[PDB]
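Of the protein chains in this complex, one is absent; all others appear in place.
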Amino acid sequence: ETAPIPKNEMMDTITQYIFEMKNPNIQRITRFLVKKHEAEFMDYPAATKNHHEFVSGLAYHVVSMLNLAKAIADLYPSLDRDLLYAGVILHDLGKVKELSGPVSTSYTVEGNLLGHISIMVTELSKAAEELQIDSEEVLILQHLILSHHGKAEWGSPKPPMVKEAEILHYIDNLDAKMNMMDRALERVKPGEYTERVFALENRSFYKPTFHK
Amino acid sequence: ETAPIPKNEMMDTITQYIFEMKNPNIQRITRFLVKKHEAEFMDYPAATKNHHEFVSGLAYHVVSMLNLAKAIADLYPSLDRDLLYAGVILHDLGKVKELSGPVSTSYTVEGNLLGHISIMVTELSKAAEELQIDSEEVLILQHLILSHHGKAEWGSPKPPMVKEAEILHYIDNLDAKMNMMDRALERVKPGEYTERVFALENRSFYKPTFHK
Amino acid sequence: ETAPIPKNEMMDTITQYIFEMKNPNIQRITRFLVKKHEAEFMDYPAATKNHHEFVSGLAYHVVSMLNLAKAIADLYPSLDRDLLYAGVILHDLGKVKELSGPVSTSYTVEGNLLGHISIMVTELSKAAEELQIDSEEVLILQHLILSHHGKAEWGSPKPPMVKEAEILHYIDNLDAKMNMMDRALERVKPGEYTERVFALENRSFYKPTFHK
Amino acid sequence: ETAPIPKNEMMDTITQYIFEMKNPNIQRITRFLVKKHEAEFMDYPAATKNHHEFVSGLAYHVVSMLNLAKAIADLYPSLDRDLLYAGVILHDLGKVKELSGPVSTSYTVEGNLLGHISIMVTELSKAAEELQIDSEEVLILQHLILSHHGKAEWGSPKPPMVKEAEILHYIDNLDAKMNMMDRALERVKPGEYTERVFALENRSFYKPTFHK
Amino acid sequence: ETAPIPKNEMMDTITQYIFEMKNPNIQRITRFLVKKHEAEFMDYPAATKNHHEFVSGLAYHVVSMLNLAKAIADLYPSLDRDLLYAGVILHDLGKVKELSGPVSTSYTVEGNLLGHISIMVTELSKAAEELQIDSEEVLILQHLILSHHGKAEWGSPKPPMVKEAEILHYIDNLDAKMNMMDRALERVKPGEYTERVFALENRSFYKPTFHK
Partner (left out) sequence: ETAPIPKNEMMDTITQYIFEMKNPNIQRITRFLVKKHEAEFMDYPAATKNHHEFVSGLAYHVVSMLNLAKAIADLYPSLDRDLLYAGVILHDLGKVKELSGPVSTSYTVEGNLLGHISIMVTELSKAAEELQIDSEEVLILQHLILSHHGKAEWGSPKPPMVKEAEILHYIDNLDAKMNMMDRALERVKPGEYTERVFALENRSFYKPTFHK
């Protein structure tokens, strides 16, 4: 099973959203981290089970999240476009090294002991040190990476403390939940319930009779 | 303090979104409950504290959630536009009878004992019985109004079980949260923290130095 | 398996307790909702599993709770007997439409999506509108219906706020818990433990050696 | 403030309930613990705050719970009347040594460090050793004393595992709740709410307009 | 499977630590309860599953905790050595009557209904009465045994309030956890994970490649 949109269009639209950025530090760091991690970002999945488990699923996750972030930021002008876009591209980038590969997905030792938050934080700091960038945008992106899961029980070391962090958390939940929730409702006749999914707090969903 | 958009434009946009509806039963029921509760919907606030405590705040809340629902539904074609729009309009309608008025906001006996969910379930069923509609559309709207707070600890009798119910939950969270978060960060200089807000799990927020 | 007391004696005792009522509005509304839902109240069970799963179990549940409520109201004169009796009779009425029937018990779409609480709030309000009764006893009975489970995690939208609501809670839990504990303790030799039942917080019970 | 019933009638009715017991070991042990702790049982309060804080309030607690246990035992014949009565009498006996006295009630070192449960388990075993009684009745009474608070978070070392233990817990909760709940409702006009009480999970209670 | 150290050397070391004590009351009580419960102390295990499930395992638990308590007492002079040693010896003594025996370990009715805390507190107070000791030493040891599990959810009636109670809690955690967690990593090759053990909050452990 592959993504519905082919991979090089996803790469082109992500590069276009890089080109749309205005803050030079943000675009430089994000373009570097996408460019050096290009193949694994374009191939690897975004989890092991229950969401985005297909090949090039990370890329589809990223593109859908940027589209919905563009919608939210167009409706609410108070947000920063560039910081949000960099945070939404870079937040699940660390799973290029947490997971083993597109074939026979498995947690490696580094991702199982560390996690995709802390490995991406240190990768971001290393990129900032290499590109001779020592401004506050690095630390704010590092926070966006740090707290995109929202709460301590789900893996965040710290609660979100910036507007863009809460935006990132809500878009992540909505996108992942909608993808698994559309996958759950596919093989169900209208008027029938769905299978008991696990990552949706152990719930069963109803397809109404009027959805054709 | 009033809403930034004057009130009759909000009413015009809500009636426009009524006219955009395709399902006859949904459109008829939603138009009835909008028309009969018109003045209190256009005047009353949408809470007592920490969000939408100003006059005609319910109308701004509803219009903002319709706009963001339009964005999400345009990006995800799987959702039903009509059911989502009706669930957005009717979910905080009950606070026209839970709250006392735009002046000296206070919980009445009916709102404090019952709540804004169980009062609109009853109101929706009365509207369905009066307009001679006995379709599953009514029951799915009862679910949308029933579980829009998302979890039992926040006031939901049941967990959400339909797609538009979870979208209702997330849109309500995001709109209320970003309104209270923008109200918190208005009077804060860049590089300074904000006041410790209560509705956001007792947290503080940092305004970055590059936000002008 | 049937109830130990035959059904028309249960109906006669419930009608006698209706006749013992002194408040005209309470008596009229309660008699209407008993008379209109008579056959399903007299046939349907009171749950699906772990308690009152036999035919005419709802009637035995109601009669046993009325006996307990008569005892508690006799010892404590501060309670209102009329409101308590009505809240006892009406609180599990909703499972005439939540459940499918005495044979092959299953949750219907209305009961699974809404629940037995929110359907009886609506039914009670509709009965009040039909009998031209618009007094506060309807609202207090709606609270009794609303919060008879007591806590949010068990399905109550609001915590109890009136005395008879907490009495409804404690009589409900005591009656259901005693019946499931008696059913677990039937087939156990003294000096032996019971099966690990699920509805009692996953516990086991010891039958003492001197219980014959 | 004294109990509504004078003290010597209360001692007489407790001795009458001793006489009504049929099991010789239960009757002997319970009479021993009532006799040797007589004055402090008849004088001391049953808490420091929020319930039974008046002089001779422990006796009122015991008498009211005997009456409620008699009602529940008359309605449900499966329970053992004697062991339930002994558990009702002996469960809050330990506060004769947890509390300092009727005047200036305060926790002593033994009650604060150990608790009223573990001190009555010890007292019960010492009385059993002194009266040359080595039957399972003693151990079941020790379990009644051990788990009368129901859950670990409220002070019970173990969950209840006997029918009379759960009936002990529910009678204790209902009587303490009723006394604090009637004391909250004394000074409140009809149609007015009550003061925010602490031990009722931080709730406010409503007096309906028809209670005179 | 037996303990690595033979039993009579272990009894000799416990007797040596008894002789090391300076407080006469503590030393007398602790020697009395070691002497009278000697054979079952030297034979019985210290749990049913997941830790110290082998014969003479309770003795190994006690001896290792005395050694580690000696370490903590040597580094931290503010602790009382005698009180700590007595609390370490006597906190799992009660499982000589909770468990059935070294062969076919099973919970008896006394241990399952009551627990090893409440039976051991009673044993301590009975020995205090018999040895004609009425000092605060008995009450502080009663608290040490009462709250050695640390929290209410794990079985403690009261939270620890004395220094040696927290010390006993932490040494008990560290010793039991280290024995179960050394037993988990015995059969695991370097670079491989361990079996998902239940007593360690359902976690898995990694053996590093450089551990030979």
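Letters A, B, C, D and E name the chains as they come in the text, with residue numbers starting at 1 for each one.
In the analysis below, a contact is a pair of C-beta atoms (placed from the backbone, for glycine too) under 8 Å apart; a residue touches a chain by one contact, two chains touch by 3 or more.
Engineer: Please identify which residue in E:67, E:100, E:105 or E:112 touches the non-displayed chain.
Structural biologist: E:67
Engineer: For the chain left out of this view, which of A:35, A:36, A:49 or A:158 touches it?
Structural biologist: A:158
Engineer: Using the definition of touch stated at the top, determine which of A:105, A:125, A:173 or A:209 touches the missing chain.
Structural biologist: Among A:105, A:125, A:173 or A:209, only A:125 touches the chain that is not shown.
Engineer: Which is it among E:15, E:108 or E:209 that touches the chain not included here?
Structural biologist: Checking the options E:15, E:108 or E:209, the one contacting the hidden chain is E:209.
Engineer: What residue numbers in subunit A mark contact with the hidden partner chain?
Structural biologist: That gives, for subunit A, the contact residues 109-110, 112-115, 117-118, 121-122, 125-126, 129, 136, 139, 142-143, 146, 152-153, 155-158, 161.
Engineer: For subunit E, which positions touch the chain that isn't shown here?
Structural biologist: 23, 64, 67-68, 71-72, 74-76, 78, 80, 136-137, 140, 159-163, 166, 170, 173-174, 177-178, 181-182, 185, 201, 203-206, 208-211
Everything that follows uses one rule, which is that only the chains that are shown with their structure count from here on.
Engineer: Taking each chain's centre as the mean position of its Cα atoms, how many Å separate subunit A from subunit B?
Structural biologist: 28
Engineer: Between subunit B and subunit C, what is the gap in Å from one C-alpha centre to the other?
Structural biologist: The answer is 34 Å.
Engineer: Which whole number of Å gives the spacing of the CA centres of subunit A and subunit D?
Structural biologist: Between these chains, centre-to-centre, one finds 57 Å.
Engineer: Quick check: what residues of subunit A touch more than one other chain, meaning two or more?
Structural biologist: In subunit A, 206 touch at least two other chains.
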